[PDB]
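In structure tokens, one chain follows: the form deposited in one PDB entry.
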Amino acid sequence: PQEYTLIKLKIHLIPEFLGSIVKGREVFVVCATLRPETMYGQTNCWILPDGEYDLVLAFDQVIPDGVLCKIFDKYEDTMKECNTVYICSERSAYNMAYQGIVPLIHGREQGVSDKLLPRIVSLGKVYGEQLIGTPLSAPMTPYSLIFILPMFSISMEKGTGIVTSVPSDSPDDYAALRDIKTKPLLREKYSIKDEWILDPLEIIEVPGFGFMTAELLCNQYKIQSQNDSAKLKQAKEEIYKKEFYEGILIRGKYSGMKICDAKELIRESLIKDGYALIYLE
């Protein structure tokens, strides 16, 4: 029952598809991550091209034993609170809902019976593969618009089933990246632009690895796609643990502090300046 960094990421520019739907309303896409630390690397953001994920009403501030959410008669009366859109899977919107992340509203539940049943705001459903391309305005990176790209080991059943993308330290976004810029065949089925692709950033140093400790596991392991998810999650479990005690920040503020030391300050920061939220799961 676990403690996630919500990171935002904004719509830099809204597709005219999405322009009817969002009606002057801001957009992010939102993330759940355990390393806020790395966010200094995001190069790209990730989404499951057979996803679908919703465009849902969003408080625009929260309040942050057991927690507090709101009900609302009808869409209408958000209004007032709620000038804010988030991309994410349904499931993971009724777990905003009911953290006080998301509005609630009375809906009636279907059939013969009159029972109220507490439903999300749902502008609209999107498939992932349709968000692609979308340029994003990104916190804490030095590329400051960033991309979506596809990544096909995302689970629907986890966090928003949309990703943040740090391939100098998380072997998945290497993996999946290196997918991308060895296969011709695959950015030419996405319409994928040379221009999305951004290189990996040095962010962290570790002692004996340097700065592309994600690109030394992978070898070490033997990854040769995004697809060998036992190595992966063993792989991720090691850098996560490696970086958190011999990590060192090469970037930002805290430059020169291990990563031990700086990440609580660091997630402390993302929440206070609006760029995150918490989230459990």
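Rigid core (definition): largest C-alpha set, two forms, superposition within 1.5 Å. Residue numbers count along the first chain shown, from 1. What changes on going to the form deposited in another entry:
- Just one of the listed positions, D179, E81, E90, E202, moves its Cα by at least 2 Å between the two forms when the rigid core is held fixed, and it is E81.
- Fitting the two forms on the rigid core leaves the C-alpha of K125 displaced by under 2 angstroms between the two forms.
- Relative to the superposed core, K193 undergoes a Cα shift smaller than 2 Å between the two forms.
- After superposition on the rigid core, displacement of the C-alpha of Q110 between the two forms amounts to 2 Å or more.
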The other form holds:
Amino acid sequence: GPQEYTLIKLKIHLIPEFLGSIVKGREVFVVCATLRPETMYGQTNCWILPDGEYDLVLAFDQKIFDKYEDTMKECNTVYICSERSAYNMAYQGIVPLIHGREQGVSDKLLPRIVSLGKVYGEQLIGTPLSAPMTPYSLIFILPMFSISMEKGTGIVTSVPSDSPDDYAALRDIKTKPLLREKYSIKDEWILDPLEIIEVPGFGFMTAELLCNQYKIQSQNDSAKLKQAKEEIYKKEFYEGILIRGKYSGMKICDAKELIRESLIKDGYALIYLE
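Please show me the structure of the same protein in the form deposited in another entry, now that we have looked at it in the form deposited in one PDB entry.
Here you get just the chain by itself.
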């Protein structure tokens, strides 16, 4: 590193009781790291690690505070993310830090994030979200088992048309009916992929082709997925043509940063480094 990402804010549309008691009326967002802001037009769902443990982090609504109470008064926004990502967010001014009282005495200043609580990925499966740019009104949180808690926020947005991982993990849900009974996954949470990008070689549903081309059978086949992902990434950046949005018609390489800046302008996204 360091590597640069776009942090995508997915707004919880209906906050459940178990969070509502802790967040007390604040806006809550699930926050995902992506390398591909231009693909937000094709989001079908959101991915979380079922046994991942995530923080409920107090965030700026968009200086290190001395009082917990003043931060709590001044921030009306919570981000669900890995503790680890929250610290990176803090260094970079995205969430507040306070001078913590949890250890030591007043002769040292120990900056800490304000974490209201802890939440397991499992508990969030089924949560409705307003996401930017996708035509779907609401998309839903679903389990992905390939998620590393040591990268990004541990939360990942799903664009199955142009991500081999996302295609593979949604297919595992679509086929394996034990998986759906287990996590109590309703049918209406599983949304259809969307055509968003033309790749002149492969057409408009490039992730499925590549998953067939590498003979990928589930989300777990990581060595092959890695090869699919590296191929799709470069070919789509240089040769992919957007068929959605303001920059419809343009190549990804020419539109990507413009799309990213409009998401940032509109409050859907932030620049993030780790």
